[PDB]
Amino acid sequence: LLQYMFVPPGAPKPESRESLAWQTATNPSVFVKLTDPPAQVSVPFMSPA
Amino acid sequence: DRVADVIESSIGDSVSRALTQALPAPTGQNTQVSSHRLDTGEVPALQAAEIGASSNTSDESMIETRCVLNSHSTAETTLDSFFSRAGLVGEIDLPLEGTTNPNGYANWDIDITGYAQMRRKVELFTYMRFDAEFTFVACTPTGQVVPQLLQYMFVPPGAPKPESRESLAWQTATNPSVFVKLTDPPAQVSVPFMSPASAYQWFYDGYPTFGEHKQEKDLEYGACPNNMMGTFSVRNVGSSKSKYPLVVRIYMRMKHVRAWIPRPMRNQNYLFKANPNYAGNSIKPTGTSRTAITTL
Amino acid sequence: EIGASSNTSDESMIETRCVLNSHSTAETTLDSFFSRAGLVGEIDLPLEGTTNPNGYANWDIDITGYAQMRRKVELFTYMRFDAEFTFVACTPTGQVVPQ
Amino acid sequence: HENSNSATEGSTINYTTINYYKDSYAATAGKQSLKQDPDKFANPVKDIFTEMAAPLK
Amino acid sequence: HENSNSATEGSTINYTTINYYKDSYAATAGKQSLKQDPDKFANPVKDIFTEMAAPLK
Amino acid sequence: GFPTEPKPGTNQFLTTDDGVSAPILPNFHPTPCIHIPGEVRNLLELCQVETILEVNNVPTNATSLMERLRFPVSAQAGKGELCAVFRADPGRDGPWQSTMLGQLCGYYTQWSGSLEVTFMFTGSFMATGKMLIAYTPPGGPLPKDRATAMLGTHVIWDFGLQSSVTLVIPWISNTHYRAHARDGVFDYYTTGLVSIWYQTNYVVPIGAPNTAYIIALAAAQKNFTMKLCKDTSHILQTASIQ
Amino acid sequence: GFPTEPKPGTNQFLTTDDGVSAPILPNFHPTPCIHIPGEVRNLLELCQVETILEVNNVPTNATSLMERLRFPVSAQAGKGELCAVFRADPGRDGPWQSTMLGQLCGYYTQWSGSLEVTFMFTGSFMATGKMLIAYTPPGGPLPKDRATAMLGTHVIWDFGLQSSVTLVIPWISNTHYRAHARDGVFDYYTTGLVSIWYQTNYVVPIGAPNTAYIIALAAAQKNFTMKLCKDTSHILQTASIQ
Amino acid sequence: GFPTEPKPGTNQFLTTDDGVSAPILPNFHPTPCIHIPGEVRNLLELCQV
Amino acid sequence: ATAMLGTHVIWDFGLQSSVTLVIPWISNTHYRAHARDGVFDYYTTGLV
Amino acid sequence: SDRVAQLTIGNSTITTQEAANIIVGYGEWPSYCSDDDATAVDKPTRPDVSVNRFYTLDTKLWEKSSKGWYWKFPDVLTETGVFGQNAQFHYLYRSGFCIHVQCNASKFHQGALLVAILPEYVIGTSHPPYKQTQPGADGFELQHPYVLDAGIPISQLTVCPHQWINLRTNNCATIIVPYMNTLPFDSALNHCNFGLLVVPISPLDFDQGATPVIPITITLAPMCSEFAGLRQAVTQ
Ligand SMILES: CCCCCCCCCCCC(=O)O
Ligand SMILES: [Ca+2]
Ligand SMILES: [Ca+2]
Ligand SMILES: [Ca+2]
Ligand SMILES: [Ca+2]
Ligand SMILES: [Ca+2]
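Protein chains in written order, with PDB author numbering: chain U, 150 to 198; chain Z, 2 to 297; chain X, 51 to 149; chain A, 13 to 69; chain D, 13 to 69; chain P, 1 to 242; chain C, 1 to 242; chain S, 1 to 49; chain E, 147 to 194; chain F, 10 to 134, 144 to 254.
The set of hints was computed from the structure by calculation and includes no laboratory data. Treat the hints with care, since some could be wrong.
[Stated by the list, open to error] In silico DSS-like pairs for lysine-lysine, Cα to Cα no more than 25 Å straight-line:
1. P:7 / A:43
2. A:69 / F:116
3. P:222 / D:58
4. Z:218 / F:149
5. U:182 / Z:244
6. F:76 / F:116
7. F:69 / Z:285
8. D:52 / D:69
9. Z:274 / Z:285
10. D:69 / P:7
11. C:79 / C:144
12. F:149 / F:76
13. P:130 / P:144
14. Z:274 / F:149
15. C:130 / F:116
16. C:144 / C:130
17. F:116 / F:52
18. P:7 / X:122
19. F:116 / Z:285
20. U:182 / P:7
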């Protein structure tokens, strides 16, 4: 089992396999098993420009 | 027949004065053209925060501004758009060896003040009414997906709490239970706003006992029964040993949020659960410090 | 002594005020109550033992075998209804087997 | 037909959600209406002055 | 078109359920109507008195 | 096939989930439903019915378990005697255990509404008297004086043809609903206390029992409503069903 | 059955996915929602409120942590003294850490809008003066002269009945939105700098404090808007909750 | 539940498959699209050059 | 703290040097006789 | 016509000549309970004038070193005046308040006092005593004003009904707050809806010679007082 977490620029980046940052209370995270099909994700145009 | 005093007396107005109306605001305010202005009696900049009001001075009255059409939406800065995000709030451990959770079962107390991330955000307001969606991530201390079966049972306050891996309480004839394999995806659950109080209370400035409040009983100051949702029980569905070292992580997301009174953010490191106690022996500044207020 | 529950109302007892009871009584209904899954049966097909060898088992259809459920149901004398049964098969440990 | 039990019940805001079950609280958070009131916290003063005017008369 | 075989058949209460199969009993319990009659058990007396009146005349 | 994307909860089994399931008997038809007396629609229809309240629940001789239902009332002599006291919480392990209403509450987590409790005098017809039945709202400690008890919601009762008399406990709470009170902290949902005192005295002629009994019946008012639910904690099976 | 064909993402669990889930309590009804004062609708309602800005954040004695809120302003003598300087970035680890607005930004990645910062003089009433508060737009290095600082957006302030005075930082950027500036490269989103100089001098009569203080309050303008979001980097828990 | 019968291709991941996917940022709004010179619509616009 | 339990009025100093306190006729009788200690205090208007 | 002001409630009247106006908590006036928000089935008591009046209780001395003080409204008033009685005799309580913290000085003095309101004011320290959580009259004092003894930054307290008493301008603050709680009524004997904090952000200073006795008095007044659940008299 794994956990993919997106860390926007300015957000706390995980420092260890058990860093507090993985609580992902705000950031968007996805948990998946290698037995389940690949992760499907949609991402909007995010940029100051 | 009337003393007149009874006729005048407004006593009994369930209607609040208000004096402040909520208006639509999809796009941030759009700036408008502004030319120079030199006159007496008009002091936009000059204010007096001594009153307790945030300066109402606008850009235009400060500098010769241009015109701008703010298309920037403010839909992501809303309650739901904010709180409605899954986050770690619970974590149970059912190991094979140890003193923590032997026997194969575990009764977790329903409280989310156990984790920073989530606790920080929520403690921003004083009251909060809402529904939630909980997800359950069960796995071994390594990340190993095991073919084990479990049973999550909700135990409302006042209901029989399981005492053993095979306690009668697991028949769950009334209580709501969920059976899942660690091979199947996490559990999806919707939970309605359940509480005698119209809204959950983050801070309770009082005692729930109404007694003497002796020193040994100061363990109650701040404890609000309106936030007591009972407990959460989990165990392996069997008569023998689990055969596997398991660890369940509870995640929560809020739906239909309704926050009220706002308070200052957290300044210190949390120490206890449901306790605003802080590190008194070593307090740190709200933010970063410099070498001189005249140097960057 | 007549066999009737006192019909006395709060108003005639104390100077009451006015209250708008919004409290719904939809969860205190029959379906809203009984319509909740519960343990009523339990079969054992072990490898060793005298209980269920041979590999098969004939269970008698009766739910009076478990407290929790039996308590609620025995509240009434008669009862008409449909039901939905769920079957949880597993080994005495919680082991999920490809059987 | 569905039940009316979703916290934000009788709420002034209009939420357009999706629900497959009988209870409305199981429904998603969905799209909502954008209203604001910076004054209840910024200018909760009894009397109002305006920028052009001097706060203390 | 479906069958009419769900216990609460010809029932006075109006149940709004969801069913995917031919038999109506496979349908969910769904939302129902809220009716009551505390009298059939509380005041199953032949004659009625009222609070203001004395039970035994 | 059709593009699908199963979300969390897939293959999970929820105890209290209202869903459909394949029929086992295609075209089956249940035996016609004959008309049967006293049918029930809602549980609150029962909470209206008064059931014997075991105030005098001290005895447990197993030979004296029947006197738990009754109540003692002798011919005192002093002014302001205390006759009985008990919790005002229905779903509590107190005397409200006997009452039907009480047992039902064990299946629900919270409630709301006023409560009625009628008292019937069984003593001889010649037996006269007057008593003050008080109800001390939450926060008020058990009164020690018949004078300190009458400061709350009370009601004087006289004996005669109308043996019975009902005391209504007005739902006086800070919260819309109350959770079953249980001592530590969870007393924040206590409904208060109920005391009984001698307004005058158990007057009796020459030739009638010098001691009589009273029976308490409890029930809920119309404004009563329960919410949520759970397994009862009022009873637990020790041995497995044979 | 019905022809389906599950696509990628099946059985996956997304933290920020808005979806449905089976109800745990069929026919449950939440306690009525009473009316409660000061309810909030949007977070930008808070960014409007001014909070104390810790410019003088140098002291950390733990006994002198309270003077981080105030600000020193003595009776200088020379022409063109510099009183204070600080970053113009809200979500930066600078002085904007104290401000409510600042703490909120930590939960968002980008922003937009002008910013207001009112300064209130606390010194004696007899204390007079005039000062130039400047704002050097991005690209402009910290000015060294009160004459080099006034080349940007500034505002002279006089002392009197109107103790306070607000300086508005007009959103002057090359991009519609700005990312929280943090030194290396990510300074491309710096909002500039803010300097304070003595236009004249802290004039005081004979008998009044020879040194006074000022308090800075910061907030965002109406044209302010945040986008995206994330976990705060302004604070991190060292030890686990007990 | 509803009678379904997954057909071949289930859980498969096609590189060039146009489908939907759960959003990572509920209620997100991309920075306004300013007008920029020489925008392209079709590749055949280049083959002309 | 024991004096403010009755009819009072806080006064601040400034341009408006003066300030007036009104003693509301609070009596049990329509008219009052001049109070003079012994018994005839039944007509006392109180204290300030 | 904005600095001068007068407050008249019950049989009490307040004056000022340097006021900085009045602030209404979250822009809402104290209202009574609706017949739908209440669950307490019994007509409460609205004594009005007898309780809804101004009460001048405690006073403190501002110094060049003072840290700050705080009070717990629901409890503070109890034990005093007709109000206290209803609060002790009745179980359920409901009311809004009008607070007036006055503190004058001369034009040669300097100082800035922050006076704000904080709902459900809980404190930390591993558990504070009853003499610290409910210091009714004479209140209590802050030891760590920077974190409000709760672990929260004071630099962010302005996000609540507040006001300033900058000696160089005004000499008193005034706030009005409506009942606040997730319930219609609630016993004030054991629960305080909120608290008042008075902290010097700008250290009181003045050249020697000028009267160093700078008192800070507290005066409050209940509004729309409603009490229910009449019973025996209780204290805590
Ligand atoms: C069924 C989920 C309900 C979630 C409610 C969580 C409330 C926890 C707050 C604990 C605060 C406290 O106990 O003082
Ligand atoms: Ca005899
Ligand atoms: Ca001097
Ligand atoms: Ca499928
Ligand atoms: Ca004192
Ligand atoms: Ca006290």
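Hint-by-hint comparison with the structure:
For the proposed pair residue 7 of chain P and residue 43 of chain A, the alpha carbon gap of about 20 Å is at most 25 Å, so the pair holds. Distance hint between residue 69 of chain A and residue 116 of chain F is fulfilled; the C-alpha atoms sit about 18 Å from each other, no more than 25 Å. For a cut-off of 25 Å, the pair hint linking residue 222 of chain P to residue 58 of chain D stands: about 21 Å separates their Cα positions. Pair hint residue 218 of chain Z plus residue 149 of chain F holds up; C-alpha atoms about 13 Å apart against a cutoff of 25 Å.
Between residue 182 of chain U and residue 244 of chain Z the CA atoms are separated by roughly 21 Å; this keeps the pair inside 25 Å, and the hint holds. Proposed proximity of residue 76 of chain F and residue 116 of chain F is supported: the alpha carbons are some 23 Å apart, at most 25 Å. For the hint pairing residue 69 of chain F with residue 285 of chain Z, the CA-to-CA distance comes to about 29 Å; that exceeds 25 Å, so the pair is violated. Taking the CA atoms of residue 52 of chain D and residue 69 of chain D, the gap is about 23 Å. The hint holds against a cut of 25 Å.
Taken as a hint, the residue 274 of chain Z and residue 285 of chain Z pair is honoured in the structure, with Cα atoms around 20 Å apart against an allowance of 25 Å. Note on residue 69 of chain D and residue 7 of chain P: the hinted pairing is violated, with a Cα-Cα distance of about 69 Å set against a maximum of 25 Å. With a CA separation close to 13 Å, the supplied pair residue 79 of chain C and residue 144 of chain C stays within the 25 Å bound. Distance check on the hinted pair: residue 149 of chain F and residue 76 of chain F sit about 19 Å apart at the alpha-carbon level, within 25 Å; holds.
A C-alpha spacing of about 19 Å is found between residue 130 of chain P and residue 144 of chain P, which places the hinted pair at or below 25 Å, so the restraint holds. Note on residue 274 of chain Z and residue 149 of chain F: the hinted pairing holds, with a Cα-Cα distance of about 23 Å set against a maximum of 25 Å. Proposed proximity of residue 130 of chain C and residue 116 of chain F is supported: the alpha carbons are some 19 Å apart, at most 25 Å. Straight-line distance between C-alpha atoms of residue 144 of chain C and residue 130 of chain C comes to about 19 Å, which keeps the hinted pair within the 25 Å bound.
For a cut-off of 25 Å, the pair hint linking residue 116 of chain F to residue 52 of chain F is broken: about 52 Å separates their Cα positions. For the hint pairing residue 7 of chain P with residue 122 of chain X, the CA-to-CA distance comes to about 35 Å; that exceeds 25 Å, so the pair is violated. For the hint linking residue 116 of chain F to residue 285 of chain Z, the alpha-carbon distance of about 37 Å lies beyond 25 Å, and the restraint is violated. Among the hinted pairs, residue 182 of chain U with residue 7 of chain P is consistent with the structure: their alpha-carbon atoms are about 14 Å apart, no more than 25 Å.
When each numbered hint is compared with the structure, violations occur for hints 7, 10, 17, 18, 19.
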